[PDB]
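Visitor: Here is how the chains run, residue by residue.
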Amino acid sequence: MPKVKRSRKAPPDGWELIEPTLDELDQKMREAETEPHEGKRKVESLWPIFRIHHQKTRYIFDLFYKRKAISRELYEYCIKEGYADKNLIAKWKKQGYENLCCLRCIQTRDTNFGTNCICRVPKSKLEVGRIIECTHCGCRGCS
Amino acid sequence: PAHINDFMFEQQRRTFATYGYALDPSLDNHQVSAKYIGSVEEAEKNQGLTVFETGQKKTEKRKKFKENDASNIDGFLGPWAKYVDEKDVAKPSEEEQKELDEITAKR
Amino acid sequence: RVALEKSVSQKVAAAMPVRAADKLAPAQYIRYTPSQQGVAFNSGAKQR
Amino acid sequence: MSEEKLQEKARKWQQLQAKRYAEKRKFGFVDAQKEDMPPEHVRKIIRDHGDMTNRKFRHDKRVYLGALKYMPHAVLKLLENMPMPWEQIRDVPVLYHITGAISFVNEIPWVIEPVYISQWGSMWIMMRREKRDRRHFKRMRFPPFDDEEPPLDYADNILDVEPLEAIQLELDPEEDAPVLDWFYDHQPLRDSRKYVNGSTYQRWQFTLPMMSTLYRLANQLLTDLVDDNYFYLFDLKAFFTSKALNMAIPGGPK
Amino acid sequence: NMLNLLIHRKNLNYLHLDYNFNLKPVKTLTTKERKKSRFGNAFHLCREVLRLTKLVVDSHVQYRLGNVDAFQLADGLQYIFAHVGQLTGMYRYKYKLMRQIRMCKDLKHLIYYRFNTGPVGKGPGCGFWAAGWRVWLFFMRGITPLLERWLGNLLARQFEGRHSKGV
Amino acid sequence: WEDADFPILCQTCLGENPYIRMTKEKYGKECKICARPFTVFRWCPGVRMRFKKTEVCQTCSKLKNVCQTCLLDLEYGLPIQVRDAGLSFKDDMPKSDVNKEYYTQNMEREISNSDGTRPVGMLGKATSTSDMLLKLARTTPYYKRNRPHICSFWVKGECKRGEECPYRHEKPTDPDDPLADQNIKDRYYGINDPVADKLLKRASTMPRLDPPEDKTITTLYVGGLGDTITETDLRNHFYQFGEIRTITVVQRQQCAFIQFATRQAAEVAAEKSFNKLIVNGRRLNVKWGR
Amino acid sequence: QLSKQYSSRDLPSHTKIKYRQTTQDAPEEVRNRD
Amino acid sequence: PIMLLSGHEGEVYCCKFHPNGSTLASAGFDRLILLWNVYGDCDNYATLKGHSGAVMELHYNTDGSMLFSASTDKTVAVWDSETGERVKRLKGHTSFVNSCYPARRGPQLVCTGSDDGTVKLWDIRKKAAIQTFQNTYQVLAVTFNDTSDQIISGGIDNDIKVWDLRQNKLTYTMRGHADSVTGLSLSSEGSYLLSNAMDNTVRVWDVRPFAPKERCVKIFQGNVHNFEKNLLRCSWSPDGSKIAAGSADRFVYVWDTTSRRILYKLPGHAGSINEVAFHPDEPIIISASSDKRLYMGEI
Ligand SMILES: O=P(O)(O)O[C@H]1[C@@H](OP(=O)(O)O)[C@@H](OP(=O)(O)O)[C@@H](OP(=O)(O)O)[C@@H](OP(=O)(O)O)[C@H]1OP(=O)(O)O
Ligand SMILES: [Zn+2]
Ligand SMILES: [Zn+2]
Ligand SMILES: [Zn+2]
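Protein chains in written order, with the entry's author numbering: chain A, 1 to 143; chain B, 117 to 223; chain C, 148 to 195; chain D, 25 to 278; chain E, 502 to 668; chain F, 15 to 304; chain G, 25 to 58; chain H, 58 to 356.
Chain A with its partners taken away, still in its complex shape:
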């Protein structure tokens, strides 16, 4: 019933303290995944998923880099099994990109004029206080 594991390799042994957090997070992902398509909207019914996804990888990003509270081996096992997100992480590690909402909000080809979401514009340079809801992620100004 968990993210049943493909490796068949033994998990390295920090796995036992990050186990329950990831487990309840996957509980929350399954639940917010099934949450059925109410009179909510058709653009915004996919905002939970991106939200949760960021969370999980964010969490592991902490416990390896900002706490150094897990090993390289355990962290790599946790990427390989699809808890984390290899490139969301490898993007987070850049300099202008600490809080990037979803990896698609910087895809230049997915938008006709060749730009990023207004998600990506610094809040100051707009200064108009206008609510921003990037249609992709639902984020409100990732950076």
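In case anyone wonders, no lab produced these hints; they're calculated from the structure.
Keep in mind that the hints are not guaranteed to be accurate.
Pairs of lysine to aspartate or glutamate residues, derived as EDC-like cross-links and limited to a Cα-Cα distance of at most 20 Å, are as follows [as the list claims (entries may be wrong)]:
1) A/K9 / D/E111
2) B/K203 / F/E177
3) G/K42 / C/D169
4) A/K5 / A/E19
5) A/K3 / D/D180
6) A/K28 / D/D184
7) E/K511 / D/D84
8) A/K9 / D/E173
9) A/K80 / D/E59
10) A/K40 / B/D204
11) B/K214 / F/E44
12) F/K46 / E/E661
13) B/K203 / A/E133
14) A/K40 / D/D72
15) H/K286 / D/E32
16) A/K28 / A/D13
17) B/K182 / B/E158
18) D/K101 / E/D559
19) F/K170 / B/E169
20) A/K93 / D/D55
21) A/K3 / A/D26
22) A/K91 / A/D110
23) A/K125 / B/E169
24) F/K212 / F/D190
25) H/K218 / D/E27
26) B/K198 / A/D26
27) D/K43 / B/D122
28) F/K199 / F/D105
29) E/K555 / D/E173
30) D/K29 / B/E158
31) F/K114 / F/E44
32) C/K158 / F/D17
33) A/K9 / D/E186
Dock chains B, C, D, E, F, G and H with the ligands against the given chain A, drawing on the hints supplied.
Guide: Relative to chain A, chains B, C, D, E, F, G and H with the ligands alone:
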């Protein structure tokens, strides 16, 4: 069929968008000068500051929340952190409501 | 030969119909002089 | 003329010029990539659209239909990667339409040739010793599902189940030392730059013990001929001639 | 979903395609509907190819649910590929298929009569499905451009309309 | 199919910023009149304004000489019926299906032989802009056109999208008003468009000089003259317009009284000058004297 | 108004034009000959 | 004829002739340097490569034997017109080196103006710097004086500056331009120097042993700037007869030294003209514009 440079057009457009004044684009055969078109007095008083150029602005930024510890199960607002000075419901009220009912009946 | 064959190419590329879709050409820039001139329009610029 | 004038002039022009000639918008710079979505995105879209009967969608109707022209590609791409009985689960890269209209498995199954033949040779031995030593073989029923039983959901029905041991042959630790660990993997040495090109998976190079065990393992699916004069009048040219003369050798085609 | 959207766009409400891709009428149809509701070899070739793939993926789903076995899955797949003639009914619509069909018989006589060379018996448990799989994959390599052309024509004619002006 | 280089649009509808960014889509939609497929151009009018779209073929535009989305005339800018009436035009574009498709086909074939420079047909033979047309014309850009629609949710209360409600969360307009229901087809054909009738009544109530009863009342009173005018200047106002017989420049009341030699000449002069004879910046009031 | 219909017989075929070679009868020789 | 040349992928910023009048060099955003033959069909033979940044200024030597080319990527480059290959990569510039000038008829020596706040003097042979006059700020154009002993530079603070190579101090500072100067070019007189500046005015100066102490000689009207602030460059004719300028107005401006009249505002271009080149032999004009191509006008 013009061919112009790319950073500059978006710079001028965003200027005119968020500040309200812009370096007018007329490339006239009578030599005009650099004139700030739109909110001319705004360009004068704001020193021509562009939305892209950093500039001193003490403008009160709207208050927002910040819950960025991703271990709380229902905690992480992260990048999806709502604005703190925001409303919690959006609706029209008693007078406009009955008036809209009256209009939907009139239609 | 030139005009002939280019029109050929379009008519036969219709008969490709499985269009090996090429990229969209780079964004063009066009400079436009309206007929109506007036300072109250175009926020006072005589071109767009 | 005013100095602070010139100073914020240097400020403005510095920022402007700096961004305008930033390496980002250099000439031939091409934007980096399109990296992967999460799987739940696909899963949710497709389970949402369901069978396009709810009028809430009603516009993906047209694209849904128009995508029929390409479904013989999706089928071919799907069936050419099926998971090969020594495996329980195979994960594949999937390219899909943002409305769930179609789903192309986006991959080509490269294999190492001697590895592959050895794996299928082990299958030969296992299948045979199993069919000999099973009391009664039950043949599944076709079709396995009824005419109006709707298809199952992955998420509700297969997503969390445990996947039922596959047809490994159990390799002996001494004689098959050089292969016992990586034999039954999907793409065996995918990420070890000593033996494979890289992650695009061309170009193997192997050790001679590796090759000897592989050989012995695939021994069942193999010819124990050593040279070519076995096919004396039984090669391509003999057949080309016979066909040309309309005469036919004993065991050859007509 | 695609084939049902086609059926119901042509306004043919009296037919329905069930979940194993059988097409069945839910009334008895007068002549006008027996005519209006005839379909072509594009529709039916697509139907039958999808039926083959559903047979395959559903054998795999049975494996993954716990219903069968590794050996029963392997032999059932071998079965599927050897007997496409009696399970799909594809030959009706592109009769050149029998090339492939005869090939997957010849292979089976080889493999079987080398599989059961000793105490191994004439029973079901022989799944060595590489050969027939290869055969139907090459068939698909050939058929996809054909079917993409035929289906492009059908969809065009359904959305633009048929050209009776300068035939 | 049409194929264009740019839209052809009113300055009101094109926007405010000098720098606009606009997208093209080849063979994107069907002209609501020409009924054939067109290329469709979409631009963001301004900050917090709805994206607008060209909604009529380039030929369906050049024929009647209008703005492909704003639909108002190109020079003056009034509804198509008003402009037609002010030009005294009689536009004979067919209505029924087959006749209209046939007329469109041949009009397009003939407009293919043009220069792309000016409207085809009587729209060149009717460019004599009458003072009624100039008088009804809009002056500055009525940029209230580009704000978004009315939020059914926020009209019932439901626009729970916060401030992002996709439509102006204001009061819905009472549907009884004539200025509510104006179908595109009629507004292009000019048959019973309410805005046209309201604007025509407004033009009928607008001030114009009145004519007298008697033919012998050939003295015309111009009120509000001022002492910066000359008798020769009043002449030059009413000299080549016909013949003037006499001119009394009353300086004790700042007015003038012009006796003419031709009744139609003076009538044309004074009516054409009604409150709008602006010589040296004086609002003279042209009327027939006692 | 270009259709997306298509034909079995409008597939590409014989896509190169043969030109009359040096010995067959090229316009140069026949330009010469008596 | 008009003879428009094309084959450049992005803006061409710099175009100039062989000092022979034999071959053509042009360069710009595309980070490479194209060469052509001026006569015949105006055809392209060679393309020099290597510069990672935009080629902001190419400059010949006075024989035509080695090529200097200032790049955005903090570097100048000298190459062999014989081969097209790099001999030297003048590195060490701490920012955008926009302007380059090889000493003419003196020892081989180079002055480079840059966006670091320094003007730099370099010897080609040593791979080391000679002198550097950090005034305060970006220097946008630089040219020597025919003695190879003063160095003139124009930047953002509008006061054209000249250093003495031996005392190394601000020798000559001249004033009168209302906004940033964008181009200097000293005529073949060795005396008269031409200055474009986007304030819409062009000026003429003269560096001599003795000058009136306020050497603002001739003044012409016509040049334009706009939101582009592209770098605008001027030149004298081989004779000191006509001044040619470009501008962001799509008009090639040809004026005269004598009557300062507008001999030409020629249209023909699509984007801003960044550089006009005079033939050292002929009445041939080559326009490099931001419309990604060039023009070959004959007057
Ligand atoms: O039904 P088919 O396509 O004709 O294949 C079967 C079958 O093969 P499957 O095992 O895949 O059903 C039999 O196999 P066994 O009975 O051997 O297990 C058998 O083949 P045998 O002849 O070897 O029995 C039989 O053939 P027949 O009816 O002649 O017995 C026949 O294969 P054929 O193509 O040989 O008919
Ligand atoms: Zn976004
Ligand atoms: Zn996002
Ligand atoms: Zn974001």
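Visitor: None of the hints should be skipped; say for each whether it holds.
Guide: To see whether the hints hold, each was checked on the structure:
no.	hint	result
1	A/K9 / D/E111	holds, 16 Å
2	B/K203 / F/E177	holds, 9 Å
3	G/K42 / C/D169	violated, 30 Å
4	A/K5 / A/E19	holds, 13 Å
5	A/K3 / D/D180	holds, 13 Å
6	A/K28 / D/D184	holds, 15 Å
7	E/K511 / D/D84	holds, 17 Å
8	A/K9 / D/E173	violated, 38 Å
9	A/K80 / D/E59	holds, 16 Å
10	A/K40 / B/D204	holds, 16 Å
11	B/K214 / F/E44	violated, 40 Å
12	F/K46 / E/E661	holds, 18 Å
13	B/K203 / A/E133	holds, 15 Å
14	A/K40 / D/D72	holds, 13 Å
15	H/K286 / D/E32	holds, 16 Å
16	A/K28 / A/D13	violated, 24 Å
17	B/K182 / B/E158	violated, 34 Å
18	D/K101 / E/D559	holds, 17 Å
19	F/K170 / B/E169	violated, 43 Å
20	A/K93 / D/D55	holds, 18 Å
21	A/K3 / A/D26	holds, 8 Å
22	A/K91 / A/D110	holds, 18 Å
23	A/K125 / B/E169	holds, 9 Å
24	F/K212 / F/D190	holds, 15 Å
25	H/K218 / D/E27	holds, 17 Å
26	B/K198 / A/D26	violated, 24 Å
27	D/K43 / B/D122	holds, 11 Å
28	F/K199 / F/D105	holds, 15 Å
29	E/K555 / D/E173	holds, 13 Å
30	D/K29 / B/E158	holds, 18 Å
31	F/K114 / F/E44	holds, 15 Å
32	C/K158 / F/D17	holds, 17 Å
33	A/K9 / D/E186	holds, 16 Å
Hints 3, 8, 11, 16, 17, 19, 26 from the earlier list are contradicted by this structure; the remaining hints agree with it.
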